[PDB]
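Participant: Listed below are the residues making up each chain.
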Amino acid sequence: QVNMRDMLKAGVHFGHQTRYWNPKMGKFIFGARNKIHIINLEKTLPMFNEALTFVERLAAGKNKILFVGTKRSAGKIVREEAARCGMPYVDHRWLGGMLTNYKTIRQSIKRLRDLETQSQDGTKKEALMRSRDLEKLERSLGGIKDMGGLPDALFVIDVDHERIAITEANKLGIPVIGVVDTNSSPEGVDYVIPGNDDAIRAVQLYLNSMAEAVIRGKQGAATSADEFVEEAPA
Amino acid sequence: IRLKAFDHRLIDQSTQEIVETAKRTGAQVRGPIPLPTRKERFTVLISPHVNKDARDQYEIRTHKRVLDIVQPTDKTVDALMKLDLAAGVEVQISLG
Amino acid sequence: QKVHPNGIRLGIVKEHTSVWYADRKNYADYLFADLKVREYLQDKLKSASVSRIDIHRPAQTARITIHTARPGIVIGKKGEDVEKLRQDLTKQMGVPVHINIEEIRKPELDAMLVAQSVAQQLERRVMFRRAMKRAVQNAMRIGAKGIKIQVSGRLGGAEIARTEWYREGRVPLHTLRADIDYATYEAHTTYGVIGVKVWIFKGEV
Amino acid sequence: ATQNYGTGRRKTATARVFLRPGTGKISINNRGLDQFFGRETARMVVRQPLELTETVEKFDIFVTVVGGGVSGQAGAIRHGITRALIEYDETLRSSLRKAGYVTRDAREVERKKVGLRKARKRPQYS
RNA sequence: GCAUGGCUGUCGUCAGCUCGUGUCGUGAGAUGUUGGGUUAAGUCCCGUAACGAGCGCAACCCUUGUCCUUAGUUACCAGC
Ligand SMILES: [Mg+2]
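Chains as they are written, first to last, in the UniProt record's numbering: chain A, 3 to 124, 130 to 241; chain B, 8 to 103; chain C, 3 to 207; chain D, 3 to 128.
Note that these hints are calculated values from the structure, not bench results.
Be aware that one or more of the hints could be misleading.
[Unchecked claim] Chain B is faced by these chain C residues, among others (derived, beta-carbon under 8 Å):
| # | residue |
| --- | --- |
| 1 | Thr19 |
| 2 | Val21 |
| 3 | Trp22 |
| 4 | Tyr23 |
| 5 | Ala61 |
| 6 | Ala64 |
C-beta: ideal position from N, C-alpha, C; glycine also.
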């Protein structure tokens with residue numbers, strides 16, 4: 003969490019290289035040891051703690067938090083520490099136009115709400136002609152079972168990989184919780200996390216903080232769900 | 008008995024309207040026998056002013072169907088002929 | 003080009019409008035009756051819209067089922083037209099004639115009834131498209147799954163033969179399993195002749 | 003009993019072939035085999051499935067064939083007797099599936115199409 | 001027949017032709033519909049600022065080739 007040896011042992015400090023580089027990020031750098039850039043260690047955790055402050059500020063306010071960043075290599079922690087009743091997530095490539103073309107996706111979730119139940123029956132290959140399409144819809148639309156509204160918290164684990172969702176977020180005005188690296192640019196993201204995406208430990212120790220802060224947000228929402236009707240502790 | 012109509016969704020669906028409604032009244036009537044089918048092709052030209060190799064060809068059918076009694080003792084089907092004629096079935100009687 | 007959508011499905015979808023067996027010596031003496039009946043009846047029933055006129059021949063006389071969506075105009079004060087025509091259909095068709103009248107509830111889902119209204123609107127000097135954008139959505143609030151309407155002809159212009167084409171929904175035409183209506187009624191304006199085609203697609207199988 | 007019924011069709015022919023134990027009695031439509039098929043090579047082609055299965059001397063053969071052409075009836079018998087030989091067992095099944103005798107030849111004549119003159123020949127243009 | 005409806009030829013039974021919403025472009029546009037593999041086929045698979053839908057292709061129809069059931073006169077002759 004806030005502990006320093008969580009930052010030291012996970013592999014946060016190291017960057018990509020010295021030629022893969024961006025001087026709009028270079029304020030938040032510490033050195034260039036052995037031709038690999040070393041990120042700053044002391045400005046991270048004040049920024050990192052205040053990111054979880056506004057996660058918990060939203061999480062007790064009856065809204066949604068969206069987890070993205072689908073890489074097949076190290077995105078399985080996003081597959082794992084999610085999929086509960088307050089946070090949607092994604093599993094495949096981010097579709098071009100989702101927040102802005104949400105009227106179409108409302109029509110394409112109509113197929114999703116049937117083909118699970120439609121496999122009750124199961130001719131012979133004709134059952135396989137429709138049970139094949141259930142795999143692709145599970146691969147992309149499976150993580151979103153929510154319908155209605157727009158997610159009030161986009162948590163991007165990798166900014167350099169997905170400029171698609173950041174553009175479609177700022178067209179609508181929703182907060183973006185990005186995790187930038189050395190090479191990626193700190194523009195478009197709202198609450199920055201100057202961290203690293205080059206280890207399974209660092210991608211896990213960024214996300215144990217996030218799914219815990221919404222449980223306490225739900226524990227805070229369960230603390231406050233009596234405040235909605237009763238006024239004596241409210 | 009012999010039957011003539013234009014489509015097999017009448018004439019082979021009115022034999023059961025006769026076989027059931029005569030064997031009920033005691034007399035024995037055997038299974039109906041098909042006959043060969045009339046087939047007449049009509050190749051007509053299709054363009055108003057001439058272009059010869061564009062054509063269209065039709066065909067008119069006529070289904071036949073023959074019943075066979077064993078013991079004639081029922082005038083029941085003689086009254087039930089307006090029932091057994093429905094739209095396009097013609098029945099010439101051969102009460103064997 | 004686009005062989006007629008009844009002539010490919012006589013069989014798997016629809017049936018004939020007239021069923022009667024005839025010998026080879028009287029086959030061409032019942033057709034000439036039944037073809038100048040339909041030219042007679044539609045010229046009399048220009049109003050009280052008529053879609054289908056079926057003719058059966060039972061034993062030795064006749065039967066006719068005229069379909070209207072407004073039967074009260076034809077049966078007016080208990081058959082003042084019914085017995086009047088039944089006297090005078092025998093004068094063209096020497097057998098005694100039956101006349102039977104049903105209803106065409108949902109009149110905006112049969113193609114002849116729709117396309118007669120198009121000739122009425124386009125001879126009242128109504129706009130060629132404001133008449134037809136409203137004549138498809140009205141036939142899509144209730145019923146069909148696809149409608150095409152082609153309007154071809156002079157269309158008001160000087161030397162202009164344009165074709166309006168508007169479509170909604172789904173209309174197949176190379177599926178014999180489906181069920182398609184079709185009708186071509188024309189229009190005589192103060193200049194030119196406008197022909198209208200309608201392809202109301204009801205449910206399949 | 004031992005009477006065996008065999009049918010076979012090739013090029014709009016149809017042959018009733020009866021097969022029962024006997025001594026070389028080959029008779030077709032109350033005619034001898036050399037007398038019926040006048041001067042052709044198919045006088046031996048009707049024996050080709052018979053001498054393959056080494057039963058040329060051990061059966062009576064009674065054949066009644068209708069329709070077809072001259073050398074189309076001879077093919078009907080050859081297909082016809084192979085169905086009659088396999089009423090016994092499937093010992094000679096593999097001796098005839100490999101021989102290419104059991105499959106009915108599907109190659110039938112093709113209809114005249116409009117514009118064309120034959121089934122596929124069309125007139126000359128320039 | 002250059003005032004037009006109706007009906008037919010033609011490219012060509014060739015595999016294409018368009019729309020909705022979205023984003024890029026000052027705009028005419030474009031993207032979907034491109035890439036890799038494959039197919040008689042814009043037929044499929046993997047990819048991917050596009051996600052879908054229609055017309056088409058395929059199948060649905062007819063006929064010919066195998067067998068089964070129902071049927072035996074005017075058709076049929078193995079047994080008598
Ligand atoms: Mg194209």
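Participant: Taking the hints in turn, state whether each one holds.
Facilitator: Taking the hints in turn, this is what the structure says about them:
no., hint, in the structure
1, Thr19, "12 Å, violated"
2, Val21, "4 Å, holds"
3, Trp22, "6 Å, holds"
4, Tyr23, "5 Å, holds"
5, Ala61, "6 Å, holds"
6, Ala64, "13 Å, violated"
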